[PDB]
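Enquirer: Once you've looked at the hints, dock chains B, V, C, P, E and W with the ligands against the given chain U.
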Amino acid sequence: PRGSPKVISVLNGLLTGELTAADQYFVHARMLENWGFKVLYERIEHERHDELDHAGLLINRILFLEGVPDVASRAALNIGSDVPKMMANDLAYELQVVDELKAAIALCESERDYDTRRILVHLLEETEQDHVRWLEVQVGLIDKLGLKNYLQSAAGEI
Amino acid sequence: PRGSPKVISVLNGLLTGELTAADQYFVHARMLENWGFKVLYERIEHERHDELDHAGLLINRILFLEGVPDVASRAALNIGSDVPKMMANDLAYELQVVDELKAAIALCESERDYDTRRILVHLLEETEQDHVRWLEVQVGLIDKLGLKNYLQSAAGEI
Amino acid sequence: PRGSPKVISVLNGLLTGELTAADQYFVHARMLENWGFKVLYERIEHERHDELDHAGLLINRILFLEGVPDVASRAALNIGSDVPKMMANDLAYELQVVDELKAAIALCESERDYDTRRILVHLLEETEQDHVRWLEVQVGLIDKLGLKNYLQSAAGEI
Amino acid sequence: XXXXXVXXXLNXXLXXXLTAXXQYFXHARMXXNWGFXXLXXXXXXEXXXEXXXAXXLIXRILXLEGXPXXXXXXXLXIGXXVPXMXXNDXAXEXXXXXXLXXXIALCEXXXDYXXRXXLXXXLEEXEXXXXXXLXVXXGXXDXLXXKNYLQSXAXXX
Amino acid sequence: XXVXXXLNXXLXXXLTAXXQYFXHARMXXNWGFXXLXXXXXXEXXXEXXXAXXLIXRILXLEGXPXXXXXXXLXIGXXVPXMXXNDXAXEXXXXXXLXXXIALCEXXXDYXXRXXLXXXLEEXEXXXXXXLXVXXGXXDXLXXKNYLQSXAXXX
Amino acid sequence: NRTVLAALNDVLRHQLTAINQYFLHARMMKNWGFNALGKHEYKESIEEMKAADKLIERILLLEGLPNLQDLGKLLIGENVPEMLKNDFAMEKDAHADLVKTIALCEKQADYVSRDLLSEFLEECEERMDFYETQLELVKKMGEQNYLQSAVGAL
Amino acid sequence: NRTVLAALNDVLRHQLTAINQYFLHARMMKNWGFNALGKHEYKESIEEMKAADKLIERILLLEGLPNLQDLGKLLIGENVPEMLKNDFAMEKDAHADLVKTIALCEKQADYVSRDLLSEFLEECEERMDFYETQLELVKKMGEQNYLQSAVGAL
Ligand code: HEM
Ligand SMILES: [Fe+3]
Ligand SMILES: [Fe+3]
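Residue numbers (the working numbering), protein chains in the order written: chain U, 514 to 671; chain B, 514 to 671; chain V, 514 to 671; chain C, 14 to 170; chain P, 4 to 157; chain E, 1069 to 1222; chain W, 1069 to 1222.
Just to be clear, a hint being listed does not mean it is correct.
To be verified - Derived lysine-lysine pairs resembling DSBU-like cross-links, with alpha carbons at most 30 Å apart:
#	chain 1	residue 1	chain 2	residue 2
1	B	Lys657	C	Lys160
2	W	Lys1175	W	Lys1153
3	C	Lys160	B	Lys598
4	U	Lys551	E	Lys1207
5	B	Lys519	B	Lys615
6	E	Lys1111	W	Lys1141
7	W	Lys1107	E	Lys1118
8	W	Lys1118	E	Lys1118
9	V	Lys661	V	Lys598
10	W	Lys1168	W	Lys1111
11	W	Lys1208	W	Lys1153
12	U	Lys519	U	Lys615
13	E	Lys1118	W	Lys1208
14	W	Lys1107	W	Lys1122
15	C	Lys160	V	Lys661
16	B	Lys661	V	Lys615
17	W	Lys1122	E	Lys1122
18	V	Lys519	B	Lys657
19	E	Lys1111	W	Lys1153
20	E	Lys1175	E	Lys1207
21	E	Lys1175	U	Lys551
22	W	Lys1122	E	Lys1107
23	B	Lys519	E	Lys1153
24	E	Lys1098	W	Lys1122
25	U	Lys661	U	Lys551
26	U	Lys598	E	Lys1098
27	V	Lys551	V	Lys598
28	B	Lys615	E	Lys1153
29	V	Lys519	V	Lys615
30	E	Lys1175	U	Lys598
31	W	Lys1141	W	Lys1168
32	U	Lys615	V	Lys615
33	P	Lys147	W	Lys1098
34	U	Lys661	E	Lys1118
35	W	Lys1175	W	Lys1107
36	V	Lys657	B	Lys598
37	W	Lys1107	P	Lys147
Hints listed in this document are in silico derivations from the structure and should not be mistaken for laboratory results.
Here chain U stands alone, though its shape is the one from the complex:
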């Protein structure tokens, strides 16, 4: 079942974004583990696995629509120097992912391509809840608890 060329194009853009986010979460989780912030490490590891599953779902949808996934192309990685910086970078990338996902969902709706709209809506719900909500909560917790208290909560049991 051939899909719209525009639908495949925006799906490929979504896949590029998801793979870039997966790689950024990979780097951030590994630097968190290196620093000793174990709780943040596990959370970002689960977030990276979620991004990998999202990318897999996008690839399956693209292959179903007889497209060719653009898995070679990647976006610029924003790697933060310290924990607040990586949290802010993750939140910024998640918000950009939200914007592009809304645009892609609108395009899929205009193209009468409703199964892909369902997958993209599920991806948008996962991104808003598991990623944007958690990261904005983390930023607020850094603001409230303070830097040292948040880092202590992130380090877990030493």
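Expert: Using the frame of chain U, we list chains B, V, C, P, E and W with the ligands on its own:
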């Protein structure tokens, strides 16, 4: 735990190779499952997970050596149009990875950095005896059973 | 819970489509069992039961909307004489059903019948993933494995 | 004390078994290398069985106050392909069976009956668990076709 | 090619070791020394496993395992004799293994190097060690006491 | 080889000094109520003690007599971060000597000793990373927060 | 009290020397194949280890500094009977110093220290009785029989 700069650069090259291998394995597994080759899809997906673990080990070693990893840079993806081309591309990439790993192991031995040499020997063992030999077996089986019988075995149950 | 007459009409058309699909899948399952293709017969019987569940949901939705289900009508059955012909006929009918479902989803979104839109989107998801994808994969496997190997796979254990 | 002739025949049978075991091992690992996991597992089982047989033979030779010759080994007819391996295995096993029949006759003649019981057990094992399977495999390689037989031998991928 | 030749040499060594260990074990079991027999049978099994690993490694290197070429079996007549012969064979094998590991390192083949290092660990710290121990014990305990310990339950 | 056994004995002396320092530090950590860090120090002492056991096995297998008499200068910290720094310094020196000994074992072709020392080096490097991470955590979380974490269960 | 702390440090030094001597002796016994005796001395070293740990905790609670750096002379014997003799002699010296320290703790009204040292003395005299019994058994059964008993399994 300061690492050598040549060792860090060779580790970054190996990590880029492993990330590109993971991407190629992801695409190949997804197209194999799209075509209905379930057995091959499961095997290549396990291989992709193993390559993700390899990249994790390499990133952790790079970070422990106080060097920044390289995850934005990605090598060229060779994607086949059918199962034998998939096997040929994966086998060629794995052989190239093995050659680079042996060069890196020689460098690590030369620089008296033995923990990275241990990690790289583990990675070489895994690549040769779980990736290279399996792909060689697959190409031999395509030659022996023929194309149609091998595809029948790859499809598994329908 | 009065629904638009157009919505009830398109629901009746979809119900006719799913009932005809159930009849065709029933005949095809029996013919596959007669020919000895136990694997294909089991899959086609599962598809027929799923389509019966689909028709059940459609009838419940029509009755809830205070509309009369049109369960008497049945479209033409396309019966093949061999496994490839039955696969092609099933794929063609499921693609037709996909067209009808997309038109009905567009209408329901136009008519603000959002719960009907949700059940129809679930129907379209089931049809595109469980049915259309499997039949397309089977056609590809007939092309790749050959006819004899595909029939050997469909026979199963003897 | 066992007879000189009986101990000699038993050492011969032992050499046969040892060569068979080595050949079976080489073939099983070759098949594993090629990816034919099912046939590899079967041949490994056969090699283990041959090892057990050789051990029984060694024990028997030792009980008769004779010295086992576990240094001598016959030529290893190794096949380059699966049907070749099967044919080679069948040939070797047939030779071993002939030798065993002769040995059983000698043991019966020399009034050695426990040795003959051991030899008869080994003969049933070599004609049933081995020669029969190999003959069947050759027949199936001819009936199924080499391609289908190899696909069956690969088992799962 | 040198690596393949070295691996084949080590394979011949391991096959000979297995063939000698088995004979010694069955002689020791024939004599009634059940404990020593069990130990040597386990040793033979381990040697068979190691030789199999060697065969698999040679095959993965596109080679032909010489599973027909075997070396001289030094069989003993008394338990001390078998112990000493086994120790000698194992020492020679360890020397050969060290040479082979050095060659594998020089030839940049690290997988076979790792396999050979594992084999060397199994040889030195599990076979040569045990036999050296037993050789010392047959002297510290006396021949009679050691044979009684070897006979297990009589 | 005399030099290989001498280097093994130096590694053993470093390991025994590490054992004593780790156990002493764990004991004064429990004395201060720093339970989490005290338990981690206790397990590190246990790991170093098992490693010294393995090295004593290796030295005795090489027909060499272990030197358990000598002990390097102990680095005892007045407070938890000072103990972290002293642990890191001791592990740095032990790791440098370990790397030198691994290289020497490669020169003399004592590959089993080299493998054991490589395993010990893996342990030493993970310990070094842990202590560097702990010191960075002291810097980032602050002394009060880090000590509260080190307390664990009150 | 300073005198109690000094006596506790001396007893701890004997504890550490005993730990090292017992571990070395057990490792040599295992190297010679004496599994039963070697395992017994390994358990004995672990008991000594726990006793030293308790002594360090006690010394820390008294606001003293446990001197884990210093060690005594190690009496390492070349054979099993001489190793038993050296262990017995070390235990005798430790018991005499322990009795003196218990008397000092009673004089200085340090009663929990006295209770801990009394537990140590009970265990030490249990070890002394065991080693004297082992020496008597060496004499009675003979060295060959005793070494066979020490070997255990094969
Ligand atoms: C010198 C002061 C030492 C102290 C205070 C000490 C303390 C301890 C303690 C408390 C244990 C736990 C006992 C148990 O859980 O059963 C232990 C076990 C052990 N120690 Fe010692 N030890 C010392 C020296 C040594 C040395 C020098 C070695 C080796 C060269 C060593 C090797 C071991 C081993 C192998 C164990 C057993 C570990 C286990 O059961 O998992 N120790 N030690
Ligand atoms: Fe890799
Ligand atoms: Fe077939």
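Enquirer: Now, for every hint given, state plainly whether the structure supports it.
Expert: Checked hints:
no. : hint                  : verdict
1   : B/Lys657 x C/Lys160   : holds, 7 Å
2   : W/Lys1175 x W/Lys1153 : violated, 33 Å
3   : C/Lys160 x B/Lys598   : holds, 21 Å
4   : U/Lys551 x E/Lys1207  : holds, 17 Å
5   : B/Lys519 x B/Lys615   : holds, 15 Å
6   : E/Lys1111 x W/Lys1141 : holds, 28 Å
7   : W/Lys1107 x E/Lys1118 : holds, 15 Å
8   : W/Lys1118 x E/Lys1118 : holds, 15 Å
9   : V/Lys661 x V/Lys598   : holds, 15 Å
10  : W/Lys1168 x W/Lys1111 : holds, 27 Å
11  : W/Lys1208 x W/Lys1153 : holds, 16 Å
12  : U/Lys519 x U/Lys615   : holds, 15 Å
13  : E/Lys1118 x W/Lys1208 : violated, 37 Å
14  : W/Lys1107 x W/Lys1122 : holds, 23 Å
15  : C/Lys160 x V/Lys661   : holds, 14 Å
16  : B/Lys661 x V/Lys615   : violated, 37 Å
17  : W/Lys1122 x E/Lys1122 : holds, 25 Å
18  : V/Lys519 x B/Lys657   : violated, 60 Å
19  : E/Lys1111 x W/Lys1153 : violated, 34 Å
20  : E/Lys1175 x E/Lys1207 : violated, 42 Å
21  : E/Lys1175 x U/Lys551  : violated, 40 Å
22  : W/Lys1122 x E/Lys1107 : holds, 15 Å
23  : B/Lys519 x E/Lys1153  : holds, 29 Å
24  : E/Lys1098 x W/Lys1122 : holds, 12 Å
25  : U/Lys661 x U/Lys551   : holds, 15 Å
26  : U/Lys598 x E/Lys1098  : violated, 37 Å
27  : V/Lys551 x V/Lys598   : holds, 17 Å
28  : B/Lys615 x E/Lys1153  : violated, 37 Å
29  : V/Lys519 x V/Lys615   : holds, 15 Å
30  : E/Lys1175 x U/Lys598  : violated, 48 Å
31  : W/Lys1141 x W/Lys1168 : holds, 20 Å
32  : U/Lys615 x V/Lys615   : holds, 21 Å
33  : P/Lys147 x W/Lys1098  : holds, 22 Å
34  : U/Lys661 x E/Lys1118  : violated, 37 Å
35  : W/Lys1175 x W/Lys1107 : violated, 39 Å
36  : V/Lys657 x B/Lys598   : holds, 14 Å
37  : W/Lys1107 x P/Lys147  : holds, 24 Å
Hint violations for this structure: numbers 2, 13, 16, 18, 19, 20, 21, 26, 28, 30, 34 and 35, all remaining hints satisfied.
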